[PDB]
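One chain follows as structure tokens, the form deposited in one PDB entry.
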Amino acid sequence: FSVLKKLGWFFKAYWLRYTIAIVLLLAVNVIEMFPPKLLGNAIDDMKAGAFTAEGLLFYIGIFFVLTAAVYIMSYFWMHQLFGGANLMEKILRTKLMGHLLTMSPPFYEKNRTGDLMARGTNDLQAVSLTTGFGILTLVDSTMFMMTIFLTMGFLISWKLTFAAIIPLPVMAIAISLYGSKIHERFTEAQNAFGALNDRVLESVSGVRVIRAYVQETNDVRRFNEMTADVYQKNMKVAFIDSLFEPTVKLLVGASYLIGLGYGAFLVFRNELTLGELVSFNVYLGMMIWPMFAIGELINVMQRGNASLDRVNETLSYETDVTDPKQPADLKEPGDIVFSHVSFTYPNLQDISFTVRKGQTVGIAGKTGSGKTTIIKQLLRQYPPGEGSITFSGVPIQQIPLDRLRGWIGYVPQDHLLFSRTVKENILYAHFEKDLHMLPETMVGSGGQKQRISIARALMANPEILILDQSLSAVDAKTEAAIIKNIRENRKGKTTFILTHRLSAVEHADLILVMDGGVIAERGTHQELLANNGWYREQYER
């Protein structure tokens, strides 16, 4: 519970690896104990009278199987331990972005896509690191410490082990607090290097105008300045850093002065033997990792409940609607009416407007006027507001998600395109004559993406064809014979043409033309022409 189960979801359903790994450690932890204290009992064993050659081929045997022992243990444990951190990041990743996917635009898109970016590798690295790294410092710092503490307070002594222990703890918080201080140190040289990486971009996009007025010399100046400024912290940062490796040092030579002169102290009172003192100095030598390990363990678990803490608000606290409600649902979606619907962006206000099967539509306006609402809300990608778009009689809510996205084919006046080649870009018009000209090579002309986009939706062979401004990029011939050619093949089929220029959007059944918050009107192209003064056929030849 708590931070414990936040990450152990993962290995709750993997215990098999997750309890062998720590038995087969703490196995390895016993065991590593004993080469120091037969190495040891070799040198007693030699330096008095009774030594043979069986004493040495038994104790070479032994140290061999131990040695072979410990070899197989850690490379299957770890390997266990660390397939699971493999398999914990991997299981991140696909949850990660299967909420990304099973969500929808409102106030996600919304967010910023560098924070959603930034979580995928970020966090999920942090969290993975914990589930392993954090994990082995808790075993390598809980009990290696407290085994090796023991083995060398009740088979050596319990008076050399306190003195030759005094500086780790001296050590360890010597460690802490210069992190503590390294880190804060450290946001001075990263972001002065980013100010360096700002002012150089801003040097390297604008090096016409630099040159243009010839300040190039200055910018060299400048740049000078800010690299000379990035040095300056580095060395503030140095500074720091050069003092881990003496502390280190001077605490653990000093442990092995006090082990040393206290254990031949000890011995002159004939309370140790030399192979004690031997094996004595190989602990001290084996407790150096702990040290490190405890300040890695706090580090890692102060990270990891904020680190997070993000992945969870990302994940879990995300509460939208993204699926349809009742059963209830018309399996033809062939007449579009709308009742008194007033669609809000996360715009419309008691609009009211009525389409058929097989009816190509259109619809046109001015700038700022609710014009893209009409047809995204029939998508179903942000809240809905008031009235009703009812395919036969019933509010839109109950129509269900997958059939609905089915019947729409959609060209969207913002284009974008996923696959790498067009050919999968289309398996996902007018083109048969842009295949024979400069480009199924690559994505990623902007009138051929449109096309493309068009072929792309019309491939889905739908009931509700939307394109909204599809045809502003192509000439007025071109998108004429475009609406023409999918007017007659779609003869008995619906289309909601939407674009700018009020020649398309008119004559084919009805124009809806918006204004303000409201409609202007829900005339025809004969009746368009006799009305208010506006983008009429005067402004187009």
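If you superpose the two forms and keep the largest set of C-alpha atoms that fall within 1.5 Å, you have the rigid core. Numbering follows the first chain given and starts at 1. What changes on going to the form deposited in another entry:
- Of the residues checked (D219, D329, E296, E318), the rigid-core alignment between these two forms shows a Cα shift of at least 2 Å for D329 alone.
- With the core held fixed, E271 shows a CA shift below 2 Å between these two forms.
- Put the two forms on the same core and the Cα of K110 is off by 2 Å or more between these two forms.
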Second form
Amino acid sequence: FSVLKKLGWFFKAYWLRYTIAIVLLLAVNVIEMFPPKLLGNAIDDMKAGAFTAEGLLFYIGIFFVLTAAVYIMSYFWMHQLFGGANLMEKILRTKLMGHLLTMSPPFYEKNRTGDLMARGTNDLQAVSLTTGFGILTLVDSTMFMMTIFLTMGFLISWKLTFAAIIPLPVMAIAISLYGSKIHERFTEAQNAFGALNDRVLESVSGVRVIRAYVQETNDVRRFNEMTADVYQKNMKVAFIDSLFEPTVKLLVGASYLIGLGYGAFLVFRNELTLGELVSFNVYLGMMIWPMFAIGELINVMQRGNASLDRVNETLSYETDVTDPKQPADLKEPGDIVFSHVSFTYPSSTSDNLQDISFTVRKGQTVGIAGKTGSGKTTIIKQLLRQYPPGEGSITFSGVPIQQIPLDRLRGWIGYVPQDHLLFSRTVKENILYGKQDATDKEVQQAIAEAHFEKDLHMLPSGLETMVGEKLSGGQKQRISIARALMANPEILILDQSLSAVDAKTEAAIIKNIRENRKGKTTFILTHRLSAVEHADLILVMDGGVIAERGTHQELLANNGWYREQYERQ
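Any chance you could show the form deposited in another entry after that form deposited in one PDB entry?
Here we give the lone chain, stripped of any partners or molecules.
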């Protein structure tokens, strides 16, 4: 097993507690080997002539002392080891979340949400189990069994030990074999149950069509057939799942019978004693567990190896797609100029942007138009440092963005995406997201600026309601707009944020925002060309290039490009 090799850092950080756990485990094992021998000695003293009240009292007292010592030391070594397990789990959760927070859209393009959730909910469990439970099974399968075997060999006898320990290895091997073939059948049965669940989901979601063709009878026939198949798979599992108790019972009772009969024969030959026979029986009883522990260790350590490999691959080797470099000395962006920038998404070969160049003065207002898929939002995505910078130069006041720190850049940009992104927090929290709780009065002023306060009033004032579990596309868009506004950004980007509200509402909002943000840059992306009529700069994006460049008047003068011919369709 290389898991303990891949987790050297954890044990190095926590070595005192694991050292205490291991030492206390060895001590507990040693002082737990005593009580059976004391029982045998008591039996021998009973049979032998000399046995006075002093012996009885001493045996009772020593048994109580050993019981208390084993109890305390067991509590504390389990505390150390399983606390290490919990600490490893918590550390892995923290590390995984901290790594995710610093990742970029490309990483999630490569890595699906389902896989990432699985790693953070199962692989952590497996690794933590390895750190705590793997170590317990390693000590009990390697130290406890060897200690109990050596004690039986020396204190009791060697012939009796070897004879009585023949079936336990067979029991362990058979247990592992059953584990493998029950795991296989269990996977089969779980797949069958998944098929059942999928069919039930189909039959329940599409209940209208099923009912509309009086097919609710054929549906039940198929469901019953699939339940019958599930029953067959479960019975196949139970076939090998019912071989465990018979096997352990047989190969432990055989071990007890060998011990008892052979010990009786040795007693006949004076090579043993009744007390030692009873001690041998107790030692076998306490030795049956190390057999299971071997297989449990192998299983847990292999699973932990796989889980830790996956976690490390999706936690460390992944390199952040965007990073700061040589921080500049720019406080407020003067102008934003694109100079023949070309950028292609990491997951595609088409350029999607061909030598785009333009300027945006401080306070300049830019509108973007174009058909769906015509690189409309890519122009601002390239400005959010979400993807590799490609080729060209995007210089804020004359210096490329790479020099600007990511923190400062993200501070300048107030970004409203076309997609609705809200969290399971009250609207107050969704709007406050921008300013991270610097003030509360500004909420009223910001919501008035977005002109959304009226739709805030008719919703119940239950801490501005709840979002993320329920309500309206327009209301979500206005909440996002207020969130981006309240931050007081020096470059405010809106991406189709007004495609859901009416023409009058969007017109009023754009008028108000243009009036309020006089010395600040604003980017507007919207298919409604009537919503950027007042923008001092407007451009239309087709493919990777710009079809034309000029003010609204220039576009009006040029050929009819989806200006008003589509009003009222």
